[PDB]
Each structure stands twice: as C-alpha cells, then as structure tokens.
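The primary structure of each chain is shown beneath.
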Amino acid sequence: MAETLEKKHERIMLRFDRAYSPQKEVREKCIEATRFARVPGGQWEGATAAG
Amino acid sequence: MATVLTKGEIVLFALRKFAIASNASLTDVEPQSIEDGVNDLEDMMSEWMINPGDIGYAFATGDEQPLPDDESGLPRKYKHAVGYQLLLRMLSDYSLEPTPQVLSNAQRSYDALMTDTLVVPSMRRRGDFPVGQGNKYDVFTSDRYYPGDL
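Protein sequences appear in the order of chains A and T. The entry's author numbering applies: residue 1 is where the first sequence begins, and numbers increase by one. The entry's author numbering applies: residue 1 is where the second sequence begins, and numbers increase by one.
If you are wondering where the hints come from, they were derived from the structure by calculation, not from laboratory data. None of the hints are false.
Heads up, simulated DSS-like pairs for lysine-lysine below, C-alpha to C-alpha not over 27 Å straight-line:
1. A:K8 / A:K24
2. A:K29 / T:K136
3. T:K136 / A:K24
Same shape as in the complex, but just chain A:
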C-alpha cells in the first residue's frame, strides 16, 4: 500500500489540504505586510490600474 503503491500518497495529499485550510487567511496578511513594506510599488496594490 506504500512506496510504489500510492495509497500513501492520497493520505499525504489529504493531510496537506487539512493543514492548509485553517492557516489560510492568517498567512495572507503576512505576505501582504511584507510586500507592503518592501516591494517598490506594493503600497498601492489592489488599485494599480484605476482611472
């Protein structure tokens, strides 16, 4: 059921989605903050092309 037999792979993939879902909105804020402080045009992202 293991190694070549991929029945371990579905369990691994399911665990990935279980780990990703709760900590999804928290990490978006971290990424937005780093990009807001460092990237040269990052303080206006969201609008950019508006007129």
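Given chain A's structure and the hints, the job is docking chain T onto it.
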C-alpha cells in the same frame, strides 16, 4: 387607466380653459384649430424628451398623422400640466395674452409634474479610495479599494 386620455381631449381642455370653444361661454368650435392643436401637442411631446424627460407619451408609429381619436398613453395625473403648457404655447395663434391666474395655475401644475420625476443621482466612491481593514477585504469580500465604476 381610468377612462383613457385621447389626444383630442387634451386639446379640447386647452381650448375650453381660455373660453375659445366651449358650451359654457358662448358656443362653437372649428375643425382646423383641432388639427393645428394636435400637431402642436405632438411637437411639444417630442421636445419634452429632453428637458422634463420621458413621461410615457405614445407617438405615431410610422408616418401617417396623429388624429385626435388616438390614445395618448398618459396617466390622468398629468393632464392639467400638459394642457396648461399646450395652452400657453398655442395662445398666440388667436392673438391673446394670458392672465396672471392662468400663469400661476400653469406653474403649479408644472411643479407637480416635476416633483414626480426626480432622481437625485447620489454620487459614489471613486476607485482609488481604500476600504478599511475593518470589513475584512481578505476573507469575507475581495478587492480592497472600491470598484467605483460598473
């Protein structure tokens, strides 16, 4: 609606309100003054598509001619306003001038018509204006900054 306004009833109202052709002043009525009045009403209604806006008038489809027996399509709440405006426009055919009371009535009816078609467009947000962190643009909604367009 209640009894359905025809195009001839509106011009008869205008002719009666200034004692030109009615049964309760002296007598009488003419057939050319009716075609002239109906054509004047049609041209007025064409013009009103600009300043007062559309009010639901029913125009003649294709060329033909208006004819007084056609249905106008106007609600009965507008007939005094339309009739007074038409009378003001067509008074000078007979070389007459309106009295102050007629002008006051015309203005009151026109104001009543104006009150019933207001908009007040209620300007919107711009598009480079941020939306605050307080309403959670990340998870609940999307697109921080207002759209301000559509």
